[PDB]
Amino acid sequence: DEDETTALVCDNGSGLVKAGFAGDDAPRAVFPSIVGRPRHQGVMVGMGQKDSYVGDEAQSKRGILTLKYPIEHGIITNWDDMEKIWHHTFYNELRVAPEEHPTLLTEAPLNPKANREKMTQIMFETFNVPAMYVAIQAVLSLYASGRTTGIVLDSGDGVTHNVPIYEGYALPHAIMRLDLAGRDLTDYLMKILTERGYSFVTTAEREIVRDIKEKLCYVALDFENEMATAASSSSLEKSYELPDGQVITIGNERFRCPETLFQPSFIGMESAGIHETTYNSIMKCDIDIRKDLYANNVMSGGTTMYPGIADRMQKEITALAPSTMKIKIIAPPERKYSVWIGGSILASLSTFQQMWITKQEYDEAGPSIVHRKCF
Amino acid sequence: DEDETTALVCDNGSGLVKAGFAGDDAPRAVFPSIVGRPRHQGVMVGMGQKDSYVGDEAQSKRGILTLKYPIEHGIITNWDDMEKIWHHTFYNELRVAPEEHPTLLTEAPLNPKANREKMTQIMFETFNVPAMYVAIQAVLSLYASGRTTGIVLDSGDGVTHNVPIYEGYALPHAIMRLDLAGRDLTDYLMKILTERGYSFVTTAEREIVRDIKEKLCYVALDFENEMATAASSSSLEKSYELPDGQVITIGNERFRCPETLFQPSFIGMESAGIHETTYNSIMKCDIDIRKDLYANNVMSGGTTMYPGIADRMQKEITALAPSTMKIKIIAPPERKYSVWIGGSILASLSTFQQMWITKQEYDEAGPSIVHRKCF
Amino acid sequence: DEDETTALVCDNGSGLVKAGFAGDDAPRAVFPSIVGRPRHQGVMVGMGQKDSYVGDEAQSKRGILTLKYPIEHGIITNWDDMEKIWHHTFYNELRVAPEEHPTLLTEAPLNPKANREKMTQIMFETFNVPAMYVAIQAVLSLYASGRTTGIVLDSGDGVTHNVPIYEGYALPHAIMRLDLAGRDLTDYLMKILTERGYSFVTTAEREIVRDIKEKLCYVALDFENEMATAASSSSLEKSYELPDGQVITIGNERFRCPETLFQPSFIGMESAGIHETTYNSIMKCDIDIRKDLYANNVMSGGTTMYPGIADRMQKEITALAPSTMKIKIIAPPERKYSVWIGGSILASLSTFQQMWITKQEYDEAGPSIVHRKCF
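Just so you know, the protein sequences line up as chains A, B and C, in that order.
Each residue of the first sequence is one higher than the last, beginning at 3 in full-length UniProt numbering.
Each residue of the second sequence is one higher than the last, beginning at 3 in full-length UniProt numbering.
Each residue of the third sequence is one higher than the last, beginning at 3 in full-length UniProt numbering.
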């Protein structure tokens, strides 16, 4: 803010990319993370007002774009289209030069070592940004929620991580990476459909599977109790019309898919569901740490959107843990965008200075600097 | 035969249609799959001893036939001419009534739902065939080979499939379709030729492009290594004169087209060439299958017809995959007809009892019978 | 041999399972202790030649298997895969029926009540074995060493125990269990590396850390003196190249990791190291027993494998313990396998018969039989 280190905020999420100024309630420019290259070349018949297709203009008219995804799962296949993406982001809708103001970015949990310096290198050395920082996705949520201690589960849509939080910042040991997330459930559902006879192999119908799950699917109170229920037909089979060709009936699979977070055995993971993994991180921390960790439990992300994810967690948690303190699960009305919300709040507040990384700080210790200050 | 279920084998594919009886090791009748109706027409002036033009007599004449192609990419646009095609197939060269003997047919991979029942309807209802079955094209090839292990890459000519095989039938989950195939190369060569200065837009010269490619074209050991070699004009440019009235000099382009099978970037595909696609299919189908798959990889169809196809695969495969097992490429002397050869053996053998569909099984499970029995 | 006992010897160890006949110099059949199920489902394409993957054949494929470990901390998570493991052990390489001959098994110290009987139940009632015994791991090592009294430290890999031994057998009261061991050191090394800038979160690099530690690591003599030495780069930093693409420099950390064995303070636990706990076990024991205990000290297991481990013990032990008697540390040329090289002597020998537990005795006494004959 006016030759101040503050930080303009860009969230690099799987669905859309949100960017804007520090100290502002909502993002300015929003577009899909895709960059166009030719798909059926033939040669250039003519070019539609630009060399490469990037952002909102590209998605609306589709076609030429190969639907190349620079960012997914937190990992980037090709850096070259990225330079164009930030160009569209700052110059076209923000209407401000990146050189003039500070930049804040969101850090996907357990991201590769190469990416932090590479992302930073483009903005400082290439475009001369006065300062910039990449924020920890899990840490931001805790301050936004208004709690100073606990355990936070936070997934943007790409990956899911369990990060315990203490008065001091958490370090690698306790934190674990989980492969179960909301996008995963959409992919998982197609796999189960195979036994009756329904298949959606191509990306054209990929969107449809996602649509089916959020409007009609729900989370079973207990999978073991309701399995017996599936023999009869009433609640499990519901008539639904898909606009394109045929009727689809889904019963047991509607709840079988959501059941994945609590029952990983069907999908194929060694680790137990989300409630079991929560116990592991809390247990190995320092002994005075535990009493206020249990009081605050935070559930967030796309996979917690279902009709009652929060209710299941309380029964199970109290059985294998100490009974000397309150157990409560906190789930905000809009936990899915809790990731984005924390980042905007950080920009607004000046408490954020201890947390961030300076350009000079990167070469004092080298490429290992991101690990040194954050997880 | 006479009443035993056995089989009559008729193969509908991208080149020619082969028909015969089970227990027989060679085809009885072969003709191109084309049916003719008037072209310029002018109403009618008489009949050329054939109401509709079908089979071997038709192709030699050319001229009158519309060159209507009943089968494209595994999909048939018009079924009315189909009835005539089988009429020529069984009644003339075979000299046996379809009504009298059971029929075995070949299934084009990832074929549309409408076609299985439609094909079945023509035989059992219209012509009263005692029994029939449709067999999956990738599965048949492995038995002719005699191998009980190995991966089969097979293309009729129209399409390319990377279906996994383990002495059984594989589900839709592990099978991929590729838009890159042997007929494709013939079409591709005209497309690339446009930058150089040659055009073959009309259908009259469509046949000619194929002829150029098979006799003189070859597959470069490494495209990256020989690009430099292009400047020297000795091996690359050969003087060939086309029978009609033009001279065509082809150099870099002769191997540039073959190069397409291993380097899709010039054509315009997001996926990597056939060797990479093989890795994609191998990772997903089953890990334990891999040790025996690399040793026994099989290349078949029009695509692998060009000399030197087997050697390139050996160098490329070891770079992105495990190095704990033997690497060899197996291409039989007549891999182009490998699809048909395997099918005859299944008809001949009594093992196929578990694997086939009877005349009233279709009625018992309804239109959904094909899906119930096979993927 | 067939008529009476003699007894087969099977050691259920940390990395390999050894089985064989009595009176034998070495074990007959050895394989890794792992059982596989499908890792990523996608049901089955063909079959990997077995319903379940067990032993040496299973390890070679290593991909499709779930890497489920039947033995951890001397505790078995799932009994069902165990039945298959013994099936491979006796029928495949021994080429003798378990039913025909008696079985001897190694007992992990301070093991759960359920396990002795459960292990016994499978072999007797399920397979009708004539006789089966489980031996005390700490007791066997002492006889192999040829010493009748002393303090024995023995760790296979999973756990570390300090059990003092007198002319008569020891009982729970004067024995201790430690969670710090040789496999722990492999895990421990990753935790320290965080300060320098190296992190290996995944299991793929887990194996690599183990490789680093045994070839170059050593155990520092008096840690407090050596910290000043840390400034000098001649001994602490060595250049070593990792096969997968990274450079690893280990200095202070190479000796600091082994240090944890003697200095628990760095990790954050209030549990004392091996030399302090040695004092604890001896103090508990009767007053006229200590003088012969101090003269002979036995060190064994993975922990004592590193060069220079024996010398440190002499200096440290006398500091907090009495100085009125000779202090000597005895380490055999091979102590890692000392666990296994104990059971063989008291298996081959006829004397061992009085010590063991047999079929009828288990039923006659009941669930209390393990306690009745052993501490």
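Hints were generated in silico from the structure; no laboratory data involved.
Any given hint could be a false lead.
Any copy will do: because identical chains look the same in the list, a pair fits if it lies in one copy or spans two.
As the list claims (entries may be wrong) - Computed list of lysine-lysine pairs in BS3-like fashion (alpha-carbon distance at most 30 Å, straight line):
1) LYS115 to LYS52
2) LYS317 to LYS52
3) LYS286 to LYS115
4) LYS86 to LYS330
5) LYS286 to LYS52
6) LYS361 to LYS217
7) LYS115 to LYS338
8) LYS115 to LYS193
9) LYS115 to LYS240
10) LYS240 to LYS86
11) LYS215 to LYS361
The hints, checked one at a time:
1. Taking the shortest alpha-carbon separations for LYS115 and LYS52, neither the intra-copy value of 33 Å nor the inter-copy value of 36 Å comes in at or below 30 Å.
2. In this assembly of identical chains, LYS317 and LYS52 lie within 30 Å of each other by CA distance neither inside one copy nor across copies; the values are 54 Å within and 33 Å between.
3. Taking the closest pair of Cα atoms, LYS286 and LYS115 come within 30 Å of each other both inside a single copy (24 Å) and across two copies (26 Å).
4. Taking the shortest alpha-carbon separations for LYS86 and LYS330, neither the intra-copy value of 45 Å nor the inter-copy value of 35 Å comes in at or below 30 Å.
5. Taking the closest pair of Cα atoms, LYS286 and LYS52 come within 30 Å of each other only across two copies (20 Å); inside a single copy the shortest separation is 52 Å, beyond that limit.
6. When the C-alpha separation of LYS361 and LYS217 is checked against a cutoff of 30 Å, the pair qualifies neither within a copy, at 46 Å, nor between copies, at 39 Å.
7. Taking the shortest Cα distances, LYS115 and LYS338 sit within 30 Å of each other inside one copy (26 Å), while across copies they are farther apart (38 Å).
8. In this homomeric assembly, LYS115 and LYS193 come within 30 Å of each other (Cα to Cα) only across copies, at 17 Å, whereas the closest approach inside a single copy is 33 Å.
9. Taking identical chains as interchangeable, the C-alpha atoms of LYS115 and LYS240 lie at most 30 Å apart only when they sit on different chains, with a minimum of 23 Å there against 48 Å within one chain.
10. In this assembly of identical chains, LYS240 and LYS86 lie within 30 Å of each other by CA distance neither inside one copy nor across copies; the values are 45 Å within and 43 Å between.
11. Taking identical chains as interchangeable, the C-alpha atoms of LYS215 and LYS361 are never at most 30 Å apart, the minima being 44 Å within one chain and 35 Å between chains.
The structure is inconsistent with the numbered hints 1, 2, 4, 6, 10, 11, although it conforms to all the rest.
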